[PDB]
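Participant: These are the residues of each chain, in order.
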Amino acid sequence: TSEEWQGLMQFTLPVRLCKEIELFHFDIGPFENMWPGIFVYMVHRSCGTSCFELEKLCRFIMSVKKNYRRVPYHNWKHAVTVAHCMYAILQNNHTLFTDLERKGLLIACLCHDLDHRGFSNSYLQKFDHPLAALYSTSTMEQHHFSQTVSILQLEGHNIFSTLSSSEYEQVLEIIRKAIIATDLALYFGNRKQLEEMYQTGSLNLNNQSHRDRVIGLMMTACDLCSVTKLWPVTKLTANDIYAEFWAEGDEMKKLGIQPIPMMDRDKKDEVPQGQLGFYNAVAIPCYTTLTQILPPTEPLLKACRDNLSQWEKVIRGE
Amino acid sequence: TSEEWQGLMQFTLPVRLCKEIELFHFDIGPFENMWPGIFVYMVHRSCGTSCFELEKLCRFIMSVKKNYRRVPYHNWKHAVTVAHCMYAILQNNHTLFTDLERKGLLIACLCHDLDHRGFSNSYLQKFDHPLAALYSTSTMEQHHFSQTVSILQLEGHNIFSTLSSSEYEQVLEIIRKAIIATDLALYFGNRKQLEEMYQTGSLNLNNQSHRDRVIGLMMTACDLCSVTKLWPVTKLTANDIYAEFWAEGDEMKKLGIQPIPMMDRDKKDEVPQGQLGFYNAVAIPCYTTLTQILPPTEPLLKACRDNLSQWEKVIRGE
Amino acid sequence: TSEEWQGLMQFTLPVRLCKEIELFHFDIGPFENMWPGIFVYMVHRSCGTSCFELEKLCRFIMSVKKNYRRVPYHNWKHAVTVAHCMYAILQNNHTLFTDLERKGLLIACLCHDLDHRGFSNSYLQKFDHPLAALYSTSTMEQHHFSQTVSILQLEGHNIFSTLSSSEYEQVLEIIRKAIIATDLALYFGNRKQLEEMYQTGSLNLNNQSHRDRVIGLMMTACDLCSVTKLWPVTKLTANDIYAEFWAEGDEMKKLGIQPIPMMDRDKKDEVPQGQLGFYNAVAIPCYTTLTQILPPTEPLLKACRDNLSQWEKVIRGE
Ligand SMILES: C[C@H](O)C1CCN(c2nccnc2Oc2ccc(Nc3nc4ccccc4s3)cc2)CC1
Ligand SMILES: C[C@H](O)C1CCN(c2nccnc2Oc2ccc(Nc3nc4ccccc4s3)cc2)CC1
Ligand SMILES: C[C@H](O)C1CCN(c2nccnc2Oc2ccc(Nc3nc4ccccc4s3)cc2)CC1
Ligand SMILES: [Zn+2]
Ligand SMILES: [Zn+2]
Ligand SMILES: [Zn+2]
Ligand SMILES: [Zn+2]
Ligand SMILES: [Zn+2]
Ligand SMILES: [Zn+2]
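Protein chains in written order, with PDB author numbering: chain A, 442 to 759; chain A', 442 to 759; chain A'', 442 to 759. A prime marks a further copy of an entry chain.
Here chain A stands alone, though its shape is the one from the complex:
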């Protein structure tokens, strides 16, 4: 049968990639046509060779790729990078997650920024974009999930077709919650609740609501993972991020609204201090809380701390 042939086969990568893909700070490289294979490899190792039908999975991946836009940061490369960070978390916390969760989270990460224009929720609201009229909160994130469902509804694209309806509904809910959690506006309240539950010892992974929160923080950790790469990667990625932000700032100016210094290209000299404030307020607390809950995710925090030190070095002019 088809599933019998797939069970005998094993998908493989080049030697360097096979070894280094297990590291949290792995970079997927500049060869775009290798990314689909990298994702399939990660799915096969974290879930199994029988989790998805290979022909359907490949069809799904290519359609997801087609629905990411040619923008500096929120692009196809970001999607696969976020998926890799989730893979590394999953592999280092392997006993904790169900088959459905491992299936759902990797797919959620791949789809989490689908059809991103490179503009924030704030900008879409101020422009009065039709999406803002449809989705009052988490505007882009609700759209990302809508795009995901639409791709799944295409003929030959339902990668969850072998699942029961019950399991199908469960995995789609996992995906929905995970994608919505990537709205950074929701992260601050989530992390604060998680910190309190951890300190009191009330935090329980057997409680679904608690489990959803931890998954939410995992999604934030994967989404921001550029700060957990080695310095050369982190610094170069920052160029892509600001390219998008400054473009939005330009568009804000076109609306007759003065943008925040973060999005203002006239204030390039304040970037090192701006990054310092981001690491202190957002990045460090995120990976600190995640390391407390899931100790094997420690390398993410260490790398984040190392990059914080690098930004301090830039400020001093060293």
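Zero decoy hints are in this set.
Intra- or inter-copy, both count: the list cannot distinguish identical chains.
Computed list of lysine to any residue pairs in SDA-like fashion (alpha-carbon distance at most 20 Å, straight line):
| id | residue 1 | residue 2 |
| --- | --- | --- |
| 1 | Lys676 | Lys708 |
| 2 | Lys695 | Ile469 |
| 3 | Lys567 | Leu458 |
| 4 | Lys676 | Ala688 |
| 5 | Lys460 | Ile698 |
| 6 | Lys460 | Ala573 |
| 7 | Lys754 | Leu677 |
| 8 | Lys708 | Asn680 |
| 9 | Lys497 | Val481 |
| 10 | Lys460 | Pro571 |
| 11 | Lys754 | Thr678 |
| 12 | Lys518 | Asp691 |
| 13 | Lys743 | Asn721 |
| 14 | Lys506 | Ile592 |
| 15 | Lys518 | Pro477 |
| 16 | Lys518 | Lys695 |
| 17 | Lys676 | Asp691 |
| 18 | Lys507 | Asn474 |
| 19 | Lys709 | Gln751 |
Treat the hints as calculated values from the structure; they're not laboratory data.
Go by the hints and put chains A' and A'' with the ligands onto chain A.
Facilitator: Frame of chain A, contents of chains A' and A'' with the ligands only:
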């Protein structure tokens, strides 16, 4: 019937867009997939819901879009922007124009730079491009009109199919003259004639030759309308214009010809003075004459004057 | 018949292009859709109007174009430029080459960088790319030839279909050797052997192994021909080359490897001295040896010397 269903329907935009689209200094935004709807909205309001068959119009618009190139300035965004300026002129001078003229001028504006490579007529002549051998004068503009006719000749693309042959020939002549008028080389003689006719009182909109001249000036006013936007928009658009000019200057250097300082990237520091000279010699007289002939177009002149003041501020280093 | 209609026809270019295409320092221009016609013109003049079936040749050219990537330097424009340099060599040494060689070399030049990603053989080895596992030496070049054969194998794409199998095998070997020779790592040993054979007088174009070496040097000369253009062209092309090199340097840094100063964007100030060293060590000896073997190729050396003088002028700050 089909026209009966279209009569009952009404096309609408978001609240902010509906209000601000009436302003001369309106910016169409960075969301490309909203531009077709913006154009249809303008056609529906200025001409009527029964002017074009909606399915044919949408098919036409998408083909026009496909025939604009990925260049910094002379692109799809420019086409819709020029069309909007015409819409604002039409709406503020509503009693003056026939149904054919309102139909023709919006379409002429949308099509006026079709298949633009980002090079001037001068460059094509010096390169010895096949287009220069076919069209001795107004090389690109004659090509733009040829592209327009070719798109109209495609199956299901004749948006003027319900018109009589007489009316069809009239609208195509309106379109031809309007597009040819966007050759800035022809503007100087046109404006000079219009100024004389206005001052003597011989200018008569009931005279076809006079009417053609006024339409010609309207086309120039719409074409140069980036100088009538608010300062942030005007300044950012200037970056796109010079990107094209400097690229042409590079190509001129490749032919062994020293380009004019306007097209020379080595003379970036002279841009503010170069803009000052352009406003004084071309932009201000254009909108002054247009305001004299059509007083409701006054906001274009005011905004042009405001931008002239801004460039003077740049020169002083303020 | 079809070949009879083709014999009566003659393909022509604009006046300036017809005259200046014969010069070694000719630039093909910024009009992409003119390049296919330029190539066909060169084939018709150097080989003949009966060398290729026009419909098949055009189909081949467009497929080759489709298989070049949107990279700053190793792109479709480079391919046609390299082909032109070969045309100029062929036309100025017309009595030396067979019909098969003239056919093969122009096609080899057009196909010599097929599917180039903008990365060196060194980078692919260090990244551990699948291509490096398949091709241990001349990694990209062996791939370029593989792409060439694949395009030829497509239905209606065999431009050599009228040739006997014997002649077909001969032309494919000419193409293979020519493309492999564009590996600059192989140039140094080739030029050294050619210099020795020329000085002793053992060099004999009637000897196939010697002939292969001369063709190899011709390929190097055509590949590096940007240094033989006029200064404005040479200087602007250098921007495209470094764009690719610095991108590779960035990727090297992402692997945790410090790139050589050539590929390091942090060392932009050393470019003029870096170019000086390249002209002295690689470019000048290449065209000197080629001029010794084929004296009509002298204009390439003169132009290379002129550009060397220009780089020296940059260093002095003049
Ligand atoms: C919007 C998305 O969810 C993500 C949001 C966070 N993100 C970033 N990741 C790593 C580094 N930087 C990221 O975005 C920024 C987050 C914060 C800043 N902060 C500031 N930057 C500046 C720069 C100049 C002047 C003031 C400021 S304040 C700048 C960029 C990636 C995109
Ligand atoms: C060719 C098209 O019909 C249009 C021509 C006019 N156009 C412009 N609109 C707004 C602002 N600038 C436009 O183009 C220019 C028109 C004039 C100049 N003038 C000069 N600019 C410089 C810059 C440096 C040194 C000397 C000079 S002279 C520069 C640009 C948009 C394109
Ligand atoms: C890889 C391909 O076969 C070709 C290799 C040679 N090539 C060039 N042609 C003309 C000019 N430059 C070319 O590539 C270079 C060849 C040598 C250098 N040399 C150096 N450049 C620098 C710059 C800064 C610091 C040190 C150095 S050393 C730079 C670029 C075109 C591409
Ligand atoms: Zn997002
Ligand atoms: Zn994201
Ligand atoms: Zn134009
Ligand atoms: Zn225009
Ligand atoms: Zn090559
Ligand atoms: Zn090459």
